[PDB]
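2 protein chains.
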Amino acid sequence: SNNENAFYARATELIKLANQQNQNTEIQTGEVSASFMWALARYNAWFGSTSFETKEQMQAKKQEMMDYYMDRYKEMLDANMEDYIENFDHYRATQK
Amino acid sequence: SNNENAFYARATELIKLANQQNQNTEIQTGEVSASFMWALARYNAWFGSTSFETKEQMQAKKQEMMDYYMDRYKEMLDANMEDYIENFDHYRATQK
Numbered sequence: 001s002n003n004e005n006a007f008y009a010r011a012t013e014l015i016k017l018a019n020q021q022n023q024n025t026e027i028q029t030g031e032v033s034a035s036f037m038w039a040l041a042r043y044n045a046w047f048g049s050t051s052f053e054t055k056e057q058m059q060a061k062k063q064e065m066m067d068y069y070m071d072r073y074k075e076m077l078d079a080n081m082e083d084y085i086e087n088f089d090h091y092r093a094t095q096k
Numbered sequence: 001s002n003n004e005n006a007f008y009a010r011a012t013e014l015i016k017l018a019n020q021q022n023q024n025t026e027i028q029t030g031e032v033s034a035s036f037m038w039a040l041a042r043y044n045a046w047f048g049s050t051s052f053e054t055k056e057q058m059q060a061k062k063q064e065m066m067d068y069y070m071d072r073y074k075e076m077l078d079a080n081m082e083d084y085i086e087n088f089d090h091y092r093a094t095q096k
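Chains A and B are the protein sequences, given in the same order.
Per this note's numbering, the first sequence starts with residue 1, numbered consecutively.
Per this note's numbering, the second sequence starts with residue 1, numbered consecutively.
One or more of the hints may lead you astray.
[As the list claims (entries may be wrong)] Here are the simulated SDA-like pairs of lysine to any residue, each with C-alpha atoms no more than 25 angstroms apart in a straight line:
(1) B/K74 - A/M65
(2) A/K74 - B/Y68
(3) B/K62 - A/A34
(4) B/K74 - B/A9
(5) B/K74 - A/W46
(6) B/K96 - A/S51
(7) B/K16 - A/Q23
(8) A/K61 - B/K96
(9) B/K61 - A/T29
(10) A/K74 - B/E75
[What the hints assert, rightly or not] Which bits of chain B does chain A cover? Going by a derived footprint, with three or more residues having C-beta under 8 angstroms, they are:
(11) 9 to 18
(12) 21 to 30
(13) 45 to 59
(14) 70 to 79
Just so you know, these hints were derived from the structure itself, not from any lab.
Quick reminder that beta carbons are idealized off the backbone N, C-alpha and C, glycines included.
From just these sequences and the hints, can you work out the full model?
This is the structure we're talking about:
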């Protein structure tokens, strides 16, 4: 209905919080994005604690578990790039 | 006061939203982190529009602006890894 197969509705509330922080006039739009950035950096690293049993074997996997933290929202990120990229001419055509 | 140099007091509200969705007992903590993942992807792709002048050049920079998304919350992510890692000897001791 509102979401097809993905958690669109829920993840949308995550961004909804960011909207409130960006409502401040003297704040940079880049401050809120970076806040979401740092927030994911903490929230997503939480799963390191379930990679291995000992911190010894866990620590060696830091780079391996993080390979799917950097890269793994990137294809979905690019999927939102085109919305502005291939539509540039359209938006460029609506500005008068 | 609630943050030193970084937007700790702000980014924590972003995670705070995740806390509400994490209140759903039948859901895994991972379905919330994944939402934050997809959410950040959409939010970061916004900056693509202010990267270049034409979509021709802009589109060719997508992977370059999408180098500093993935590979940039990286260092701040591992910064959280070490925290839990070094304190494994601590957490393992406080729990049974």
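So, going through the hints one by one against the coordinates:
1. B/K74 - A/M65: holds (11 angstroms)
2. A/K74 - B/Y68: holds (11 angstroms)
3. B/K62 - A/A34: holds (18 angstroms)
4. B/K74 - B/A9: Distance of about 20 angstroms is within 25 angstroms: holds.
5. B/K74 - A/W46: Answer holds: B/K74 to A/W46 is near 14 angstroms, not above 25 angstroms.
6. B/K96 - A/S51: holds (19 angstroms)
7. B/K16 - A/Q23: Within the cut-off at roughly 18 angstroms; holds.
8. A/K61 - B/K96: At roughly 24 angstroms apart (the allowed maximum being 25 angstroms), B/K96 and A/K61 satisfy the hint.
9. B/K61 - A/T29: Since the Cα atoms of B/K61 and A/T29 sit roughly 20 angstroms apart, the hinted pair holds (cutoff 25 angstroms).
10. A/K74 - B/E75: Status holds; Cα separation ~17 angstroms.
11. 9 to 18: Since 9 is at least three, the answer is holds.
12. 21 to 30: holds (count 3)
13. 45 to 59: Coverage by chain A holds for the segment 45 to 59 of chain B (9 residues, Cβ < 8 angstroms).
14. 70 to 79: holds (count 9)
Every hint, counting from the list given before, is met by this structure.
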